[PDB]
Amino acid sequence: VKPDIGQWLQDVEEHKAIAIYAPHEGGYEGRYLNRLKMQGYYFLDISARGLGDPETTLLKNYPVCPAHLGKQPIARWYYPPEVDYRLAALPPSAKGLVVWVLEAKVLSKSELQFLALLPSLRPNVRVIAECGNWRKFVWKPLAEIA
Amino acid sequence: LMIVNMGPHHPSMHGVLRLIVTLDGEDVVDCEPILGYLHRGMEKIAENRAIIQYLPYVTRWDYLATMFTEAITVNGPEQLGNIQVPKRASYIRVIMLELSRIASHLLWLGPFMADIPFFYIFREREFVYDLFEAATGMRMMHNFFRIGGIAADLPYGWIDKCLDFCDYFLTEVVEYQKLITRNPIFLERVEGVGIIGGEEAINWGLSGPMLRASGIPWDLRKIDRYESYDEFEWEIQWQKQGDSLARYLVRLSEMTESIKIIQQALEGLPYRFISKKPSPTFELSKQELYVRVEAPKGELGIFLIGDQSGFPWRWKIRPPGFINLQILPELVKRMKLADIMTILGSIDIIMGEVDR
Amino acid sequence: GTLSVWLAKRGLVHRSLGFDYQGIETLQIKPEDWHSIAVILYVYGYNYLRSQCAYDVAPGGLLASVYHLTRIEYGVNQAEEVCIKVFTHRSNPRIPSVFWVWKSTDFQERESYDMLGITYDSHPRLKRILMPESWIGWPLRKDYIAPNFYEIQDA
Amino acid sequence: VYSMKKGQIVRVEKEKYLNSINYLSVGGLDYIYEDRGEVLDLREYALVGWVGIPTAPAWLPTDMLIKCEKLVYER
Amino acid sequence: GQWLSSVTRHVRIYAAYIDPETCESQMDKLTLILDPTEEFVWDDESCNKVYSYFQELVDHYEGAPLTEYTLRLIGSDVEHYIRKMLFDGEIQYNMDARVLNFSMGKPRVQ
Amino acid sequence: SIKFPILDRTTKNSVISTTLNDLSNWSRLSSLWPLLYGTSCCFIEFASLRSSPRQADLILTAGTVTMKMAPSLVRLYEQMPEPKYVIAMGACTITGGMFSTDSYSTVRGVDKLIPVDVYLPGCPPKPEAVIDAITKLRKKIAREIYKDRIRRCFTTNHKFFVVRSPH
Amino acid sequence: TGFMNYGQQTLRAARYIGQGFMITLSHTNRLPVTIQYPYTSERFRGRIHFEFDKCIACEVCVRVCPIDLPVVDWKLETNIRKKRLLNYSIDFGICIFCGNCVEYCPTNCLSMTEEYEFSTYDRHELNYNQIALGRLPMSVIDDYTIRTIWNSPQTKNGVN
Amino acid sequence: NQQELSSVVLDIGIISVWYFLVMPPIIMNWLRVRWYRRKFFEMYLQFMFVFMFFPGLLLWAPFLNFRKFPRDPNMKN
Ligand code: SF4
Ligand code: SF4
Ligand code: SF4
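Chains as they are written, first to last, in the authors' numbering: chain N, 58 to 203; chain H, 10 to 125, 130 to 283, 308 to 393; chain J, 3 to 157; chain O, 72 to 98, 105 to 120, 126 to 157; chain M, 87 to 110, 114 to 199; chain K, 3 to 51, 66 to 167, 173 to 188; chain I, 6 to 44, 49 to 169; chain L, 86 to 162.
Worth flagging that the hints you see were computed from the coordinates, not collected in a lab.
It is possible that part of the hints are untrue.
What the hints assert, rightly or not - If you want a taste of the chain I side facing chain L, the calculated C-beta under 8 Å gives, among others:
| id | residue |
| --- | --- |
| 1 | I22 |
| 2 | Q24 |
| 3 | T29 |
| 4 | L30 |
| 5 | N34 |
| 6 | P37 |
| 7 | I40 |
| 8 | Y153 |
| 9 | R156 |
| 10 | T164 |
Claimed, not checked - Beta-carbon label-pair distances, calculated as ranges:
| id | chain 1 | residue 1 | chain 2 | residue 2 | range |
| --- | --- | --- | --- | --- | --- |
| 11 | I | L95 | K | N15 | 40 to 46 Å |
| 12 | J | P33 | K | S68 | 48 to 54 Å |
| 13 | H | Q345 | M | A186 | 50 to 56 Å |
| 14 | H | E367 | J | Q30 | 29 to 35 Å |
All C-beta atoms in this analysis are idealised placements derived from N, C-alpha and C, irrespective of residue type, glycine included.
With the rest of the complex left out, here is chain N:
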């Protein structure tokens, strides 16, 4: 049993925001990510289990704030953004898009998930690859609830 149906690729090039409803039954999730990577794209990772203010983290150069262990000062520096530097992390020209692989469907407000589906359409080189709250099968419904 192995879908081998690139309909998920058609969904990611048509809707570009699909909840990957797939269990913890091993690695049956990255095969469509591997097919997106074999198409010439570049895929990087994120997780919403500790990502707060997602539009303020993907853009607007959210602060670094290095954790001093009671020795160094605050040093409130500005780290580069998540996906703007990732668009800056495409050195050749053959890379057609940038896939943002998100792997945490829990602890993610539906409001903020809809806000993150916004920068999947804010540019045209952003693919949202969020999770789908771990169904038993492999389902890819679109961002409809968010």
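Go by the hints and put chains H, J, O, M, K, I and L with the ligands onto chain N.
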């Protein structure tokens, strides 16, 4: 005389250690124990941290029984400041310390019986960690020892599970006692080693099972009147058979003695959570105070020279098993590579309090 | 103390510092007479030595390697504790080890040399028991700086 | 009640701290010789520690160290 | 034993008879293996600069008994030199390995 | 500031070759089988969840790693060099743990020693946390298509003798 | 009769192997419990729940910590005693979850939860924000793969 | 020089497709529904059965349809 490397990944799992031996043939004759592998520099950082900040640090020493470390490092400031602990919280501390002694001896004999299996003891250990979850909430990383006693109170389910633990646990213990009488491979594969007597175990440095192995009723908390030990039932192992099976009967008798102490303390209940808490922050004094408690490996110790500040000026620990490690250079002289597994099992040591 | 005015009063320097917090007693003893003093306190009833304590008060000055010798045994339980206070300095780390008579002092004196650098004699293998053998400097003494090592920072 | 304040730069010479182990690594080198250590506590003696290096601190005599300036250095 | 080295990321002492990559047996020939994990770019001219800097550091820092503590010190300040070289942009990262953890922190907008 | 890859094409673009790559990758993501590597506070998860130190490429570092532990650790990674990586499962394999400030003989993470895929919360979590960690590693290896078997050796060396002074 | 004594030793050995085989055959009957993947009480001390507006002043999280990890920048606003708190940055790689300021907070906005699934792919991702620390983790009764965990009872034998 | 059978087709191929098709879903179903309701005698004979009955389970190994609904839930995905 082919030099063994005695690498970091041992065929057994009892820590990382170095025991290079010439081993003329298969007889090992000369031991050079190299240590320093699991080292963290507890003394200098403890001089650089307070009591409420080195109080999360007391988990990396004897983590098979974490109640003893935080127990002695909180009993330090209690007798230092001369602040009285009420009888209820102190007796519940006695119960959980003896339960951690139970856990230390069973988590010794688990991997020791695995080397010479895991779910033969884990069917007890799941309820043991359920008792740790109902007692403090963590598995072995508890932070629940204050000056006035336990940081929290016992819930209404933990006392019922503590009442059920005796007839949940002692029956499988006595079903596990008859194996060494039945199975002769423990009468032929670990029999013999441990040839030190009492006048020599007093002579070198020894304490705990290696001192009780010779038939000496030794106990710190019986000599030093501590936590009303003469009220409870006691039977310190005066087993004088010397060898490793004598040490196994020592550990069975220590577990059964702790079972008798907890079983007499099931319905004791002589008293709040923390006595003397006006303020969250305090300091320490400057005395010459060396506090010790009956370790499961024998006289864990805390040395303290105060600063009258927020930091202790001197914080030195005397771990039981590291002083116990000194005897293997003398218990290596006429044994085999198939014997040193039994040796490093019968020392009953983990490398958390060794390097530290 | 008891033995300072009964046994060590016959021509030994049992320079007392008063009583300790609970029952112990601190008596200053010079390294010059420390092995014979150890044998004299050994043939007294005291047999059980544990927790050699190397405290580092006055950094750059006095250095001490005190004991906690007592007289516990098998049947009797007369626990008379005492601190044999031996002293040294930074300029003179020379101290005699008890490893010739009390041969279980391998790990204790090796940790004392490993964390302070107290020079020893009559010892079978004095090596750095926690640090590498190439390691210079001693961390427990309070006038020490851990040098520019990248494994000590997170970065 | 003490010698100096808390938070001044500590400059160290190899001859000025000759009681310590500053002459073993002849040459590697070190880093606390310049104005890097900061005074964190004082007693005759004063606690020291670098403003950016997170390592353990130390205790050194009030004349063996030297209050240099108020110039922290990081990045 | 026989291995006498302080081997970390991008700095490996490896004082052995290693003219190519085949290891051996052990001598005074310290073979500085750099970047085992493919973490940064490491252009050949910049690698020659870092190797010449390490040669000057081991030339000026010797004279004392060459033991493991000198190896710790020389690998440590070699890693400081690599960190201050990549912070000034002489050494970019890689993004061709399967981790790319950005081990020296992200370059800011300053 | 990064480097640039090659990224020419995918030569093995048949159905049989990508099918074999997917099946071998999913079976590679199925068969963890670690070397255990306990001997610390993270050994306690082994009883709830070989001996040849060149066999098991999918080892997770479940132990407190120190500076003296580091040469044997990088030698053991030299004994697992090409195929697979390690998983940090103790805050001391990540940041140095609770002694991240003032410990001299403890490395601040093996993230300056060895390539690490997954970072744990650290101190012994529940026994299903390692199951979720190896499941997320299986999802990571499932993303990997064995890099299309694309290979480079540096070989930096000086043949000038050092100014040595042995014992 | 030394080989007879070898035979008697093996007779006692076979009796012990048979008895221990009965013991282990009975030990293989541990069917109801079987802890595994899903496919506790309130003091789990896992993921720490944080509230931003209840967080006000006295910075004790940075003081009682064994490593002093918290980094909160603050600039005093005049005549209203407001510190203008920003960027509650907690690194869980630095964090031990040893729990001092969870119970030592004067505000007591620091509370623990039952979440422990923070195994991440990068160490710079672990620097979490104040809105990421205000998430309700999971209602573990409400999963289609998680049953009732045997908290109060033990050896229930009810799934089968 | 015997040729005692003289059957050309549909003698062992019928029995092979019978044992490879009818057996493995009922075998895997008995492995599912009797995973806990068993004596160690019953687990012993089930282990012997699954050892005897291995290579028919190759078409049923990746497919898994009726095995996760321990409630009365709704497909809220
Ligand atoms: S982070 Fe703590 S519990 Fe985990 S391995 Fe390191 S010392 Fe042990
Ligand atoms: S949360 Fe605690 S430490 Fe932080 S400002 Fe409030 S009282 Fe102070
Ligand atoms: S959670 Fe634990 S380690 Fe973290 S700041 Fe609070 S007390 Fe310190």
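If you test the structure against every hint from before, which numbers come out violated? Checked against the structure, the hints that fail are numbers 1, 2, 3, 7, 10, 11, while the rest are satisfied.
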